[PDB]
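Take a look at the following structure, please.
The full complex has more chains than appear here; those shown keep their coordinates.
Chain nomenclature is as follows: A, B and C, assigned in order of appearance, with residue numbering initiated at 1 for each chain independently.
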């Protein structure tokens, strides 16, 4: 079992993967503080989850926004036990063609938003007695994914920040691990023409693209005390994408 | 949470981490076959797990043995959906010190013996339509652990066999992943001088050693369908021993 | 041996290992372009290395400072074949301590800084028939290193960027790799209490720290044509520091 009688703040929780993550966690008996910069939906989402949700606005790149939400969650539910740095943005383009400003923007949200997320929540956690900080990274943060430039650098930096942090916080019973989903089906990626459904994606050994229910079960698992001895680790959720080239690619075509 | 309402053979399951994943998974709703070389212990252990547990003598390096336990599982139970490869033997000495004969024996039980398990059981899983192989590797398989010689090489072989098999079985619904515990508290390790408790093992970030219950949960999670997209992955359950040096170390002792 | 009778610009070139890499690249016939921000000391050095080198002021974070340095070399030796992105600043503090402002500051100098160099110098290398990008990183980008926060974070970022740039640039004859030097005895490091010599640094299997000359050789080897088939690679140059814990640590002291 991966149950939860605690409170957790999930970022980028209005739509996408954060929405699912939150859906399952509340299902898991936890109370959730969704946080996004897209109100309309965060409002609805929490409005769907029920009495165990509460949506807050949160511009992940701002420590003020950050401290505000932390307090509010300590204030409302009485504790901050888990975090889910899930907010960020994609970069699909040939590095030579990327602008130094967009670059500065993806890293900012992807990389710093995460750090500002962690050092803020650490005190509320030393308070609880411990915490679980699941940073949602990517398959791209595990191998050199071409065409992800700024997205690539950031996601690899989230991977290292979660490790050093894991080392420093250990004695505090504060775990820090990264999750790395691969090509997962959602409306952002939907605009990428990703053939959803079994066997519809041939460049992953599993032959198919993952769905969010899949990546979310991983987060929750770590959020729980099931994994009371897991810290500074990386869990890829990509149907083998990252393990090695599939057969066809190895055969030479 | 994770539900394993299916069939699983556990290698080395009569004591320690094996028996632990035995009892825990049964609780999870699975039907377990304790395959092990200790008849007396495996008998007692299975005896106490109810009509959900069976004991069958198994020498991991004997292929005849394998085809029996696999056939009995499928006959007696109806099929085989998961295999937890937990059997092996440790090494604690400087490489130049190890006899080539010891070296081969260990690498035989640890690496070759999991190969038979995978090569054998595969046809039982393609049948049922899929399943999960969970190879119990080690912290000695994620970084170079000194003094482990044959066990180091052994376990790294498992991290690798695990991966290649996943890229191969990907599209047959057969899932394979490695599980890498760090200093866990087992009889084999109690002898060593290891002691459980907060602050009892400085040289690992969480300051202590894990118990088997914390490792099994990583296991049940992979066996369960909840991880239906985690293939060719490697999860460490070592309180950060493996993630990077300890603070004290990064500076100086 | 490793020959490089070609031209390369060296970022952070005025001092320490950026100065040693230049001292070496020149010895091997390189037309070296030292580019730092210490105009006064960078002129002393390029002066010292003779008529094989020039000095340019390069603020790594400014897109034009970058285009001018390239344009200077370009219209100076013929082309741009190699590039060593060595400029950066360190971080010695727990994450909870680093301000989000210092965080942005360091990351801007370490990550983006090297990115601006990659896309700026690229067209120069295309018109040169290809070449090699050598991104200096460190043990901090190879494992979770405590007390580095932003430096650990950007260093992992320069690792993941090298690789993605590698797969994208392969066909135009551009090789991208990251060197990963461990505790080396440079200017900034002598102030810590770091003593050079054998026996002096017990927490690395070699029991010593590295003089910059040993780190330089990797730069050059990767800059020469002797490594024509090396791309997306990562070479640790730390005396074993990131391979695994010291035997003493493994046994608990």
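Criterion: a residue touches a chain if its C-beta (ideal position, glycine included) is under 8 Å from a C-beta of that chain, and two chains touch if they have at least 3 such contacts.
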{"item": "Overall number of sequence copies in the complex as this file defines it, 3 displayed", "value": "4"}
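FYI, only the chains that are shown with their structure count from here on.
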{"item": "Inter-centroid spacing, chain C versus chain B (mean Cα positions, whole Å)", "value": "41"}
{"item": "Chain A-chain C separation of Cα centroids, rounded to whole Å", "value": "31"}
{"item": "Per-residue overlap in chain C, given as positions that touch at least 2 other chains", "value": "143-147"}
{"item": "Chain B partner contacts - residues on chain C that touch it in the complex", "value": "143-147, 202-203, 243-247, 249-253"}
{"item": "Chain A-facing residues of chain C, complex", "value": "63, 94-96, 98, 100, 103-104, 107-108, 111-112, 115-116, 118-119, 122-123, 140-141, 143-150, 152-168, 232"}
{"item": "Touching residues (chain side chain A, partner chain B) in the complex", "value": "1-3, 28, 163-164, 166-168, 170-171, 173, 199, 204-207, 210-211, 214-215, 217-218, 221, 226-233, 235-240, 242-247"}
